[PDB]
Amino acid sequence: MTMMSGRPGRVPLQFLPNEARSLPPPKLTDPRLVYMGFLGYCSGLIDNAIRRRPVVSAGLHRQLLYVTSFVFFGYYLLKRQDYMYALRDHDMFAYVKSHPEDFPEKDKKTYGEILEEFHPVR
Amino acid sequence: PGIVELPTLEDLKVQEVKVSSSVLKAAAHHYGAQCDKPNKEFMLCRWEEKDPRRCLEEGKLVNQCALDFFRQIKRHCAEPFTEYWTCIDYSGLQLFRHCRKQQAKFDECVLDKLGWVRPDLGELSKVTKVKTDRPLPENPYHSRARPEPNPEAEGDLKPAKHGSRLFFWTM
Amino acid sequence: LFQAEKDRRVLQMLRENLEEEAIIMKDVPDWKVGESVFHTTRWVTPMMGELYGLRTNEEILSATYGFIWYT
Amino acid sequence: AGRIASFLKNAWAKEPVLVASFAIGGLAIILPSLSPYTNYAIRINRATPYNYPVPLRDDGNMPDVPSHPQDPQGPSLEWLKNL
Amino acid sequence: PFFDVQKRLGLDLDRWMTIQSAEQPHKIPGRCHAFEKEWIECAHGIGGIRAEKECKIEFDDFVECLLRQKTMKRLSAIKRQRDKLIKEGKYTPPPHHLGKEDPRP
Amino acid sequence: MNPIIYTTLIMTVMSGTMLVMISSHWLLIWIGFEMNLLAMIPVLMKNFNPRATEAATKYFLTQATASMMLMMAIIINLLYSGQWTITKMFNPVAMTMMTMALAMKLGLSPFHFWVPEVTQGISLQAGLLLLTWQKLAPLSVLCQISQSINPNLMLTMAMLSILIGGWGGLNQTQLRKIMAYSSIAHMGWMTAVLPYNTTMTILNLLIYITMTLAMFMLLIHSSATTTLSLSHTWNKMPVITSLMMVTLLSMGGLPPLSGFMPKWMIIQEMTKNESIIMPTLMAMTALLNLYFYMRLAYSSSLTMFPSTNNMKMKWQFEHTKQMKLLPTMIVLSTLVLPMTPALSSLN
Amino acid sequence: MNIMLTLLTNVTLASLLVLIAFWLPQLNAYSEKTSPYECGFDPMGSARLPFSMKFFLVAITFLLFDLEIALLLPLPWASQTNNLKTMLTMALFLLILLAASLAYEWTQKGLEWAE
Amino acid sequence: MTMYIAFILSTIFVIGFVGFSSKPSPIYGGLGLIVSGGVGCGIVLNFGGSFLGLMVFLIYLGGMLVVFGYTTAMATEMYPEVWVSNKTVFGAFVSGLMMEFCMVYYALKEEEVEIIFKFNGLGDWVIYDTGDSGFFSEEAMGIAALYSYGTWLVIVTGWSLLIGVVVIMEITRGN
Amino acid sequence: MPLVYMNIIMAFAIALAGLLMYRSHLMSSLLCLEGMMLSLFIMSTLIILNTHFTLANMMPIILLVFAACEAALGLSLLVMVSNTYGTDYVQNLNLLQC
Ligand SMILES: CCCCCCCCCCCCCCCCCC(=O)OC[C@H](COP(=O)([O-])OCC(O)COP(=O)([O-])OC[C@@H](COC(=O)CCCCCCCCCCCCCCCCC)OC(=O)CCCCCCCCCCCCCCCCC)OC(=O)CCCCCCCCCCCCCCCCC
Ligand SMILES: CCCCCCCCCCCCCCCCC[C@@H](O)O[C@H](CO[C@H](O)CCCCCCCCCCCCCCC)COP(=O)(O)OCC[N+](C)(C)C
Ligand SMILES: CCCCCCCCCCCCCCCCC[C@@H](O)O[C@H](CO[C@H](O)CCCCCCCCCCCCCCC)COP(=O)(O)OCC[N+](C)(C)C
Ligand SMILES: CCCCCCCCCCCCCCCCC[C@@H](O)O[C@H](CO[C@H](O)CCCCCCCCCCCCCCC)COP(=O)(O)OCC[N+](C)(C)C
Ligand SMILES: CCCCCCCC/C=C\CCCCCCCC(=O)O[C@H](COC(=O)CCCCCCC/C=C/CCCCCCCC)COP(=O)(O)OCCN
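Chains g, u, W, U, h, i, j, m and k are the protein sequences, given in the same order.
Under the deposited numbering, the first residue of the first sequence carries the number 1, and numbering increases by one thereafter.
Under the deposited numbering, the first residue of the second sequence carries the number 2, and numbering increases by one thereafter.
Under the deposited numbering, the first residue of the third sequence carries the number 74, and numbering increases by one thereafter.
Under the deposited numbering, the first residue of the fourth sequence carries the number 2, and numbering increases by one thereafter.
Under the deposited numbering, the first residue of the fifth sequence carries the number 2, and numbering increases by one thereafter.
Under the deposited numbering, the first residue of the sixth sequence carries the number 1, and numbering increases by one thereafter.
Under the deposited numbering, the first residue of the seventh sequence carries the number 1, and numbering increases by one thereafter.
Under the deposited numbering, the first residue of the eighth sequence carries the number 1, and numbering increases by one thereafter.
Under the deposited numbering, the first residue of the ninth sequence carries the number 1, and numbering increases by one thereafter.
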């Protein structure tokens with residue numbers, strides 16, 4: 001079952017609709033971006049170790065490129081993920097607002113009027 | 002699902018044009034030049050109504066126009082037309098090409114007697130206009146009322162409340 | 074002209090079939106005569122089993138394979 | 002320009018069939034784009050009336066549509082009789 | 002899964018051949034052109050789930066045109082009753098159903 | 001074989017898959033499958049020997065049968081509704097035949113016999129291609145018709161695939177057959193959640209493809225096709241064996257590794273329906289795959305097996321060819337669990 | 001109907017000729033007379049043994065080249081379309097592709113028979 | 001009920017299919033497939049498809065010639081099997097014939113759902129067209145539309161045929 | 001459906017069954033594959049002619065083309081197997097197990 005495959009107004013291969021520009025972009029110090037940079041640094045270290053080079057010192061340009069590439073991809077990945085979650089919430093709220101019969105707000109009862117069974121522990 | 006309405010057998014009777022295919026082919030060009038208006042009216046009715054039961058009077062008018070045309074041809078150019086359609090009829094493909102003398106004589110006869118000019122090449126295949134008092138049908142397909150669509154997406158996009166909200170994650 | 078006479082021929086065959094079926098199918102209890110099989114009320118082209126369904130097999134053979142077998 | 006001429010002469014001396022085939026294929030490939038009668042063939046194809054021309058309803062605002070086949074309006078096939 | 006490259010670029014690689022009501026050469030119509038046209042128009046834009054219920058009538062008519070099951074059922078019922086009537090000798094079929102008609106052009 | 005011809009054949013395989021993925025007409029999808037198979041057959045025979053010829057013949061027979069059933073299902077669907085568009089598949093018999101044909105193409109149990117045999121009979125590069133790229137087209141078609149799918153048949157085949165993958169993998173000393181049974185079990189996991197959520201199918205497919213690529217590239221790096229030949233790799237390149245051990249742990253599904261994420265999300269999705277018993281059985285069964293991954297880890301990384309004298313000569317030389325994407329594949333196979341909410345971008 | 005009658009007539013005439021050939025003359029069959037002919041000496045092996053095909057590769061190419069004939073046969077009708085530029089481009093594309101396949105197999109010694 | 005020609009042709013089609021599916025020998029199997037191709041050409045001809053029937057007959061004749069050569073080269077033995085030379089082949093052949101006859105009787109005397117749907121018969125004349133128009137063959141126009149509408153189909157088909165030539169050369173290379 | 005449709009579908013089922021049960025010769029199974037292709041051609045042609053779908057008249061030609069490609073592929077593989085064993089028996093393809 002595909003929930004969002006055919007939502008009206010969806011452009012086939014866009015990856016970032018113009019509507020997404022109305023959302024605050026992720027901060028450059030976002031911990032998820034830092035974790036992506038950590039992944040890139042780990043990839044650089046593993047690249048050094050597999051090629052039988054000094055793991056920490058062998059190629060600084062290669063390690064920098066690894067970290068930069070992972071951060072660069074992660075930024076747009078996070079933007080798209082946040083856009084999808086915003087879309088989900090927007091649709092949920094619109095549907096609840098347009099179908100009041102299926103989401104009734106029934107009367108609130110205080111705990112002084114609700115009869116709860118007591119189960120002794122003994 | 003309802004009964005099908007059909008005309009009575011009496012409503013379907015009409016004076017019949019009972020000439021063979023070769024006679025019709027021999028006279029076709031002048032017939033399309035002379036009886037154009039009722040034929041175009043009938044074809045417009047037929048292609049607009051999409052129902053043969055609604056264009057019966059037009060078919061009768063087509064038959065009457067064809068009968069008048071052939072009565073005139075009989076009254077004025079009997080023998081040349083007979084020679085022409087016999088020539089046309091002998092051919093297995095009913096070819097215009099193999100009988101030009103007979104066609105020329107028939108054309109001269111009709112031009113002098115009735116002032117009939119044979120249509121030029123490319124003229125009978127023209128798309129023409131018909132002026133009719135028949136109202137344009139509004140629902141020729143008998144369509145039902147179309148269902149209404151899902152309303153639309155509306156409003157400004159705000160960030161998801163509390164993030165993804167998937168398990169432990171706060172973002 | 075061919076279109077007009079084809080329309081008359083099809084309508085005549087349909088009317089003949091309707092009348093003969095009304096004669097035949099009055100014996101059974103719950104058979105609406107001339108009842109359609111489509112929910113829509115617009116004209117539908119006959120299936121040629123509905124025009125030649127009550128006629129002799131020579132007519133059926135000529136109507137079905139007449140053009141294919143003419144060589 | 003000098004080695005290819007020798008190649009052409011050698012091919013004509015050893016494989017005339019292939020030389021003729023390639024020349025014919027190249028001519029067939031390139032000539033139709035340089036011919037003025039290609040559009041004439043297209044027009045002849047477009048002028049063949051396979052189906053019936055359904056007439057248009059007169060709304061009183063179509064001067065360009067004839068009211069009769071012999072009227073001066075509409076397309077003409079006079080170019081075809083001179084071909 | 003499905004990358005709608007055709008929709009994104011507007012190419013029409015194969016959509017021209019998907020349905021019977023789509024621009025045949027020389028304007029030759031399909032046998033069930035009107036039924037498919039009505040079913041498509043009725044179900045357009047409402048989604049697959051809604052369409053399966055709210056366009057059931059048009060789809061049923063289209064399938065009836067396609068396969069013609071109810072038509073042969075009705076014809077065979079009529080012919081069975083006619084044969085039963087003639088076997089007991091109570092029909093006397095008309096002369097125009099036996100080849101002695103008066104044909105019209 | 002000429003490198004130009006090899007590149008042309010690879011592009012034809014990928015062109016068939018892309019034609020399957022972008023088409024709207026059933027005929028074009030069938031054509032994509034035919035083109036993919038036609039180009040794939042010679043790639044399996046690139047290194048010519050009787051085993052490769054046998055593998056190619058078995059693959060051709062299985063896939064040709066599957067495509068014949070696919071075309072018949074398409075034609076039946078056309079007969080009962082004059083539609084060529086890939087949609088809800090208006091006929092149930094046609095849908096059943098379509099499901100069986102796609103299952104045959106994927107290698108889902110009961111039709112799973114060909115996969116171990118073809119994988120063992122070809123080279124590691126051909127096995128990489130067969131077990132990674134060749135899953136995309138049938139899975140995409142299954143995703144596009146997921147609504148009309150019958151849950152009882154698909155779930156039966158998925159559970160059978162998980163069971164048979166575990167049981168068959170338990171018995172293998174050849175690495176290619178182990179990979180094939182692992183592939184069968186992962187295909188079962190992929191198809192179990194397909195009627196409920198295709199995003200989970202895509203996520204599981206991507207994670208499995210990453211782990212499989214990492215495993216096959218590690219195996220190509222250390223030229224081992226048997227367990228005993230892999231038991232020598234510690235005395236030549238210990239880092240390779242350590243990375244392979246961690247990747248094997250990830251394949252098993254142990255948290256906090258990335259392998260655990262698809263199983264976790266599929267279990268959650270199935271419990272969002274009622275569906276309680278099936279995920280429990282699926283996890284209990286995946287324990288078998290974990291067992292034989294752990295046995296491989298015991299043999300190659302956690303203990304040291306005896307070596308031979310001639311390994312000393314190998315110590316003096318380096319690996320000439322280098323796989324540029326192997327470090328990224330290993331990192332994505334292992335350390336990706338904290339980025340789980342990013343799966344929202346898949347739908 | 002007419003073509004079926006023609007087929008029936010021709011097959012019947014051939015069958016009647018065979019029947020007359022086998023029932024009119026005097027038959028004197030004995031084992032030496034009916035033995036296989038190999039120029040007066042008995043054959044060594046069986047004629048049902050495998051017989052090598054030196055042109056096997058050309059035979060497979062005939063299967064593929066035969067299907068392009070089915071693609072080219074509708075060409076007389078395709079010349080009547082309005083968009084003659086698209087049709088002519090596609091007819092030449094198919095024929096160029098067919099000549100390229102012949103050129104490839106020719107240069108790779110695919111037309112030479114096995115020895 | 002009109003002369004039962006289409007039903008007889010389809011029955012002979014099924015009989016030839018049973019003939020080659022019992023697998024007596026490749027020489028015999030090719031003969032059965034040739035007979036099936038002929039009757040299928042006839043069946044399609046009786047529906048207006050002259051071009052398609054003739055084309056499929058020609059294609060299968062060429063294919064079976066290649067198959068005959070290949071059978072003589074690679075699929076022979078001292079005593080080739082016929083439908084009565086082996087209990088397995090004869091049993092499969094008789095089982096197929098009896099299954100076909102049972103299905104024919106079952107669907108002809110009753111009106112029952114075999115597997116997919118039901119069928120009463122009446123001959124395939126009933127569902128015909130009674131369409132009256134044209135100076136052209138609709139099938140011919142549809143097939144000729146491959147060069148104006150089917151550009152994508154032409155591209156993929158030509159590419160696949162060229163790739164097939166390359167593929168057979170690669171497969172039979174050996175080494 | 002009419003009787004002809006059931007007959008063509010029965011022919012397809014028989015050819016599939018024929019392919020599924022192997023005797024000794026590989027070539028027989030290839031013949032069964034071609035038979036399935038022919039049955040599909042006939043069925044699709046009948047359906048397309050009955051519904052007067054003009055643009056669908058060209059699909060069976062494409063089907064025949066890819067059937068020819070499939071048959072060529074199978075024949076090449078048979079050539080290789082026979083060159084390896086001197087026989088096209090499916091019993092010889094047993095080097096790889098499950
Ligand atoms: C959760 C919280 C966060 C945690 C994150 C996850 C864990 C950490 C990240 C993981 C990946 C990172 C490293 C990847 C490359 C490592 C590969 C490697 O071989 O390393 C050797 C390498 C030594 O090589 P060398 O120095 O060139 O010379 C010695 C020779 O090479 C001698 O080498 P040799 O090859 O000759 O020796 C042979 C040896 C070589 O074999 C190995 O070295 C094994 C390494 C495998 C890498 C791990 C696989 C991929 C990552 C998955 C981890 C999963 C974690 C989740 C939990 C599951 C546990 C597995 O093999 C064996 O002896 C067999 C022993 C069998 C034991 C099996 C266990 C192996 C798996 C254990 C993995 C545990 C995690 C990583 C451990 C640390 C590794 C360095 O180690 C290093 O020196 C690098 C490590 C330190 C780098 C980070 C330092 C950062 C800079 C300092 C400043 C910090 C900034 C702070 C900011 C604030 C300002 C002050
Ligand atoms: C094991 C780790 C998995 C990693 C997988 C590979 C990661 C690197 C690959 C880079 C992806 C490049 C693609 C983006 C370029 C533009 C293409 C874009 O237009 O594609 C869009 C699609 O976007 C892509 O799907 C997003 C790709 C991002 C995948 C990463 C998510 C992995 C899950 C969380 C694990 C953490 C990942 C960390 C990465 C380092 C089109 O949307 P749409 O045509 O309408 O969808 C078709 C499918 N439908 C309709 C059936 C739904
Ligand atoms: C060009 C194509 C069209 C031509 C049209 C004519 C076609 C003719 C039909 C084809 C057959 C021609 C052959 C003519 C020779 C006769 C062959 C046979 O029929 O005669 C004998 C048939 O007789 C049988 O042997 C037994 C005798 C009759 C069997 C009794 C069956 C019950 C019939 C009732 C008979 C009672 C009186 C009949 C009048 C009412 C067979 O004898 P046999 O030696 O082996 O064969 C070799 C013949 N020799 C001797 C000439 C060399
Ligand atoms: C982004 C990367 C690009 C390069 C990779 C391309 C990969 C695919 C290969 C070719 C691209 C396909 C695009 C062409 C699709 C064909 C349809 C489109 O082009 O329109 C046609 C235009 O046709 C043009 O001639 C363009 C086609 C020319 C093809 C040249 C050969 C290219 C193929 C080479 C690659 C294929 C494999 C290798 C074999 C050589 C029809 O136009 P028209 O007839 O007005 O309208 C039809 C509708 N009617 C019927 C109502 C009138
Ligand atoms: C530009 C449009 C192209 C399309 C039109 C062509 C249609 C189809 C024609 C091509 C069919 C396939 C081509 C076959 C290629 C043959 C390759 C080959 O191996 O050639 C040798 C022969 O060597 C050659 O290559 C012949 C010469 C080079 C090719 C022939 C000429 C190439 C083009 C020359 C003319 C170009 C255009 C003409 C301009 C005329 C100048 C005024 C064959 O001989 P063998 O069988 O090997 O002999 C073995 C026994 N000892």
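Certain hints may be false.
What the hints assert, rightly or not - Subject to a maximum C-alpha distance of 25 Å in a straight line, what follows is the list of computed BS3-like cross-link-like pairs (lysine-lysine):
| id | chain 1 | residue 1 | chain 2 | residue 2 |
| --- | --- | --- | --- | --- |
| 1 | h | 85 | m | 118 |
| 2 | h | 71 | m | 109 |
| 3 | u | 51 | u | 61 |
| 4 | m | 87 | h | 74 |
| 5 | h | 57 | h | 28 |
| 6 | i | 88 | h | 8 |
| 7 | m | 109 | h | 57 |
| 8 | u | 106 | u | 162 |
| 9 | h | 80 | h | 101 |
| 10 | u | 162 | i | 272 |
| 11 | h | 101 | u | 51 |
| 12 | u | 106 | u | 26 |
| 13 | W | 105 | h | 88 |
Simulated from the structure, these hints should not be mistaken for laboratory data.
Structure-based check of each hint:
| no. | hint | result |
| --- | --- | --- |
| 1 | h:85 - m:118 | holds, 24 Å |
| 2 | h:71 - m:109 | holds, 19 Å |
| 3 | u:51 - u:61 | holds, 18 Å |
| 4 | m:87 - h:74 | violated, 44 Å |
| 5 | h:57 - h:28 | violated, 28 Å |
| 6 | i:88 - h:8 | holds, 20 Å |
| 7 | m:109 - h:57 | violated, 33 Å |
| 8 | u:106 - u:162 | violated, 93 Å |
| 9 | h:80 - h:101 | holds, 20 Å |
| 10 | u:162 - i:272 | holds, 21 Å |
| 11 | h:101 - u:51 | violated, 33 Å |
| 12 | u:106 - u:26 | holds, 16 Å |
| 13 | W:105 - h:88 | holds, 24 Å |
The structure shown violates the earlier hints numbered 4, 5, 7, 8 and 11.
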